[PDB]
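As structure tokens, one chain now follows by itself in the form deposited without the named molecule.
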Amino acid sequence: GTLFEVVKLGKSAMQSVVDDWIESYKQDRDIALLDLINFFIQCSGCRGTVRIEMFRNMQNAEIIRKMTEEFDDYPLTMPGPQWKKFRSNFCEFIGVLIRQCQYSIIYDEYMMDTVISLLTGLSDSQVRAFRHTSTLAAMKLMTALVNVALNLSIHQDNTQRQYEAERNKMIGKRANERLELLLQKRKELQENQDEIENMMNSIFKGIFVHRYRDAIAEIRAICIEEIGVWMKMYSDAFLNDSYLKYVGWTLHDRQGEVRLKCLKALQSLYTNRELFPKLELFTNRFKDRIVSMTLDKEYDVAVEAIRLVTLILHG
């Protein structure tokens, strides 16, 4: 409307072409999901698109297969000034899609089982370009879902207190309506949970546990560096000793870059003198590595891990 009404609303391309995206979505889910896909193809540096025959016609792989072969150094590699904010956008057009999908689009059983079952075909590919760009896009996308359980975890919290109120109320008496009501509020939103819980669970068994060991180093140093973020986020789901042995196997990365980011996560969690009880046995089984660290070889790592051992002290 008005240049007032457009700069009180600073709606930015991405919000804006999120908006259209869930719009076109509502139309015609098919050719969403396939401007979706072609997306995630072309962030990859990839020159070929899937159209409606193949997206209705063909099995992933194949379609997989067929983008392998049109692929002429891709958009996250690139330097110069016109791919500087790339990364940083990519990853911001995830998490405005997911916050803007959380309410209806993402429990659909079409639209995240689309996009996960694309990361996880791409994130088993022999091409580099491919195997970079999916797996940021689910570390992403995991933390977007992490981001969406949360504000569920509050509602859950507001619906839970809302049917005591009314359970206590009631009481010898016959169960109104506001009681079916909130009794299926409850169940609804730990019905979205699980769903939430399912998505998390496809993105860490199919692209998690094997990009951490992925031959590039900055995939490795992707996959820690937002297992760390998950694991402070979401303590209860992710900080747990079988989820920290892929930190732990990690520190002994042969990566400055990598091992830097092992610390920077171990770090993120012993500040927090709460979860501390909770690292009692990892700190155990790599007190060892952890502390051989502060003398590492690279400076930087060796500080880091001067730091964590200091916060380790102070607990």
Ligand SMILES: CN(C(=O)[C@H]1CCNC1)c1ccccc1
Contents of the next structure:
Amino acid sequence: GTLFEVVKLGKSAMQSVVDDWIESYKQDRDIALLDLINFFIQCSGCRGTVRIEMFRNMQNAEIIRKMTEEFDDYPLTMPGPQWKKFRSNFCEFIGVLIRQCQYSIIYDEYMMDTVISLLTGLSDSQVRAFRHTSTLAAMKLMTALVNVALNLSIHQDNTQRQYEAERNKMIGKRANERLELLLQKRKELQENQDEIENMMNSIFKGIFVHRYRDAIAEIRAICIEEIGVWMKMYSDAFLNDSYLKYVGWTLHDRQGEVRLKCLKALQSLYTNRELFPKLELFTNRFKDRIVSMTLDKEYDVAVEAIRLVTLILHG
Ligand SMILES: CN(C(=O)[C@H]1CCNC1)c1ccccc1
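Take the protein just shown as the form deposited without the named molecule and give its structure as the form deposited with the named molecule bound.
Below is the entire complex, every chain and molecule, led by the chain shown above.
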């Protein structure tokens, strides 16, 4: 509208184009998902693009095989001023996309299933460009969903408090309308969080447990950093010995970049004198490796290992 109106309402090009994509998704899910598929293809530097006939007929396996052939050094590796902000932008786009879709579209069984299936497929590609782009996308996706789960939890607590105040207020009285709405609201929100847990499982089992072991050091670094982020954000789901294995194991990685990430992840956990209890078996298992890395070889890795060890000591 007016210049004052557009300034007082700071929609970035990303927020604006995610809002347009959502309007497009509501008119025609198929062309919207086709554009979202093409986005992830273009973001790998792949020169091909999927048309509706391929989308509606061909499996993701065939689409990826056909797009693999159309490959001429991809956006995420590019040096130059015109690609500086790409990684940061690509990451924020996925956050904005899912933040916006979090109350309706995410729970439709079509959109998240399409993306995750494409990303899982591209994460199994021989092409480094596809594996790098899809994995970083999946890692930021999981974190977007973890924030969705965090938001649900708040609404679940308020729906719970409201049901408690009504369940009490009745007692000896036939369960009125308000108590049946609240009892249904509460089922819905838990059923919503099951679907989020479901999507997180597909991403973890499909992408993470394969990509954290990837040939490319930067792909291993991307995975480790983000399981670190999930473990801090969403302690009860992600902070356990099964998931911690991956981070702790990777302390033996051959590259400074990756060993540096493992320590930064553990650092953020051990600062919180609260989930320190849940790190007791892990500290016992990997004290030797953590402690050894204080004289790592890579100065900066050693500095972090020392900072980690001084955090473990103080607790
Ligand atoms: C590496 N590790 C394991 O034993 C794996 C395999 C079975 N449980 C998880 C471990 C031990 C203590 C604390 C965290 C992880």
